[PDB]
Structures are given as C-alpha cells and as structure tokens.
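Below sits a lone chain in structure tokens, taken as the form solved without the ligand.
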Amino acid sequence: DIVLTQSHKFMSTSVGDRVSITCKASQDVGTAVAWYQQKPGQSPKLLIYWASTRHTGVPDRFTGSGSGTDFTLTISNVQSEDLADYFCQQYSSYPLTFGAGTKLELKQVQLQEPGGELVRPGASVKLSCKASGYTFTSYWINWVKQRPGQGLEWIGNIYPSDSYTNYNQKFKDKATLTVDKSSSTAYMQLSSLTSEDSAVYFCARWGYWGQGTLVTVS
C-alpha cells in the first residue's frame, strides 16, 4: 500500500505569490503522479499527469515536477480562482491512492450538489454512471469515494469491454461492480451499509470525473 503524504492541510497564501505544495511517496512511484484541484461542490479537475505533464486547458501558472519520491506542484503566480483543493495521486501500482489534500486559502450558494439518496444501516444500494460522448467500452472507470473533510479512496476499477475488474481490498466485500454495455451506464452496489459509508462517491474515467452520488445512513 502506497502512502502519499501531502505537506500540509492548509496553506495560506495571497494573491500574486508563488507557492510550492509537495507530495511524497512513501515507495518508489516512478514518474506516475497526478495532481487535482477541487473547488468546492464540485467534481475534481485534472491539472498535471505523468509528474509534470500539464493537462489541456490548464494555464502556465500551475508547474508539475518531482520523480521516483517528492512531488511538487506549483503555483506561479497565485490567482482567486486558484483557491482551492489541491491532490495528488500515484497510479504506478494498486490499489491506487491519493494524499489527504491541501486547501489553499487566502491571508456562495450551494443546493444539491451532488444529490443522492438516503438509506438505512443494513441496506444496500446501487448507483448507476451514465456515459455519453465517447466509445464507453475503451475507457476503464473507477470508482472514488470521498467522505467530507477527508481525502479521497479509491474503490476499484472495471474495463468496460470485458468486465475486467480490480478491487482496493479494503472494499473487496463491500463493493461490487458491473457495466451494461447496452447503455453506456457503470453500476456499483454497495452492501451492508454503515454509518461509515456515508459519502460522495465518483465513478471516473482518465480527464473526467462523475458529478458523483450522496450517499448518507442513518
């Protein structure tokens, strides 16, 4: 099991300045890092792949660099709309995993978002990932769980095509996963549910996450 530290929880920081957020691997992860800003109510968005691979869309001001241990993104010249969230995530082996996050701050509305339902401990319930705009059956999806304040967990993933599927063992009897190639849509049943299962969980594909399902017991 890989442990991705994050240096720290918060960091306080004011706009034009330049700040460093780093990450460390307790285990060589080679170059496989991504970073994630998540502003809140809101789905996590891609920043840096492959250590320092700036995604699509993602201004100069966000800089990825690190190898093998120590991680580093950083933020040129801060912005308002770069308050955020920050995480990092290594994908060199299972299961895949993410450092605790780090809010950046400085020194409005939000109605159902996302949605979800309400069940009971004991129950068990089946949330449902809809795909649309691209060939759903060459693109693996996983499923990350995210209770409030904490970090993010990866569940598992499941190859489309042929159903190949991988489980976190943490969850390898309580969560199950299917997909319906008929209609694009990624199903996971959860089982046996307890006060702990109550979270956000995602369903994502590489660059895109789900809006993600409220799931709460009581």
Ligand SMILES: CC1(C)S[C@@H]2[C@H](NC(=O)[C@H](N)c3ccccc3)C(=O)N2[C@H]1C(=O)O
The other form holds:
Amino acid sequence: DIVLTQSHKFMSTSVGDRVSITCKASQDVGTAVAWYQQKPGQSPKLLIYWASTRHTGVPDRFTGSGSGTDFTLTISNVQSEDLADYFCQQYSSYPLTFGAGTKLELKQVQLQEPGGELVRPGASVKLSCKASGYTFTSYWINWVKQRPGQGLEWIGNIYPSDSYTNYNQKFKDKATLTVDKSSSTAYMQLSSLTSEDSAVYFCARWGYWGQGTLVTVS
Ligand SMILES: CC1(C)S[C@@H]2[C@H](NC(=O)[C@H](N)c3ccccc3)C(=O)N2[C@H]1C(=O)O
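And the form deposited with the ligand bound, for comparison with the form solved without the ligand?
Okay, now the whole complex, with that chain kicking things off.
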C-alpha cells in the first residue's frame, strides 16, 4: 500500500504568514493527488486535485504542486478561516490512502456534528448514505473511517450503476458495501463491532463528502 507521510502533525503559524504542508508518497503516484481542508464538526472540502488544479471556489491563497512522490500545498497569506486540518489524498492505485493530516493553528459551539448511533460490541450496524441532486449511478461512492486523533482510512468504494466494489484489504471482513438504486442510497454494514470500530464514517463522491455518522461501540 502507498503510505503518504505528511510532514507535521501540528503546525503553528500566524495570520499573514506563508505555510507549506507536504506529503511524500512511498511510491510514485503521478499527479493523482488531492488536498482537503477539514474544520471541526465539518467534513473535508476539496482544495486541489490532480496535484495542482485548484478546485472551483477555492481562494488563490491555496496552491498545489509536485509530481510523482513529493507533494506540496502552500497558503501564501494565511487567514483565520484557514486555521484548520489539511490532508492529502492519493488516488493513483488501490487502496486509496491519505496522509495522517496536519493541524494548522496559532500555537466554537458544536452539537451533534455529525449525529450517529451507539451500538453494542459484537453487534452489527448498517450505515446509510442517501444521495440527491445528481445521477446516483454515475459516480463511485467511497467510505472513509475517521477517528479523532488519527489518519483517515479508506474502507472501499462501489460504483452504484453495477455495484462493482473495491475493498481495502484491512476492512475486507468487517465492511460490506451495497447500494439501492431505487432510493439513491448507498449502505455500509459493519459486522462484529469492537471498540475499535467507534468512529465517524463518511461516504464520498468526488468533490462532495457526506456529513458522516458517529458510530459508538460501548
Ligand atoms: C480511481 C478512483 C479511485 S478516483 C474516483 C472517485 N474518487 C473520489 O470520489 C474521490 N477522489 C474520493 C473522495 C473521498 C475518498 C476517496 C476518494 C472514485 O472512487 N473513483 C475511482 C475511479 O473512477 O476508478
């Protein structure tokens, strides 16, 4: 698997400074790399893709670069609203992997963001991911696990059109992906839950991450 080593877990900066967050792929990943911004209680917002193309709406402050192995995300004049988590994504080959992330800081009320469920150990859970506003069958749906202080993990994806699926070997026996064309809803069923399965589970379309769902196993 391709490991993406992100240069610092924590980065201190100040409003007005220039910042550089880097990711080093352990194998060549071409220019298939994306950078995301994630604020607490929110979901990743795509900033750069194909390593250097700025996504629509993202302010010039952000710039991406690199090809093959060393990727960089630079913010020319850091602003307050920029203080967040940033992580890189590699989509050159399976399993898709992510850099453990970088928290950009200097040195708010949050309620049910996201909502979720508390289930029992050894039990099973089936998470939903309703889609709206676009042709469900035309875009892969990915599922990602996020624990609080660790790096994002990609579970697998599925093409709703024919339900073709890819699994990160690590989740092969824990997750099973399905979709329901009739209600444009993708699902993920986790089996034999342990405290290790407690996390926020996101489903994502290229450029649109869901709000996620908190699965607590107690
Ligand atoms: C080669 C691919 C992996 S890239 C594309 C889409 N990838 C995304 O939606 C997006 N980058 C994404 C968001 C969140 C987590 C992981 C990935 C996806 O899955 N498709 C595959 C395909 O077309 O063969």
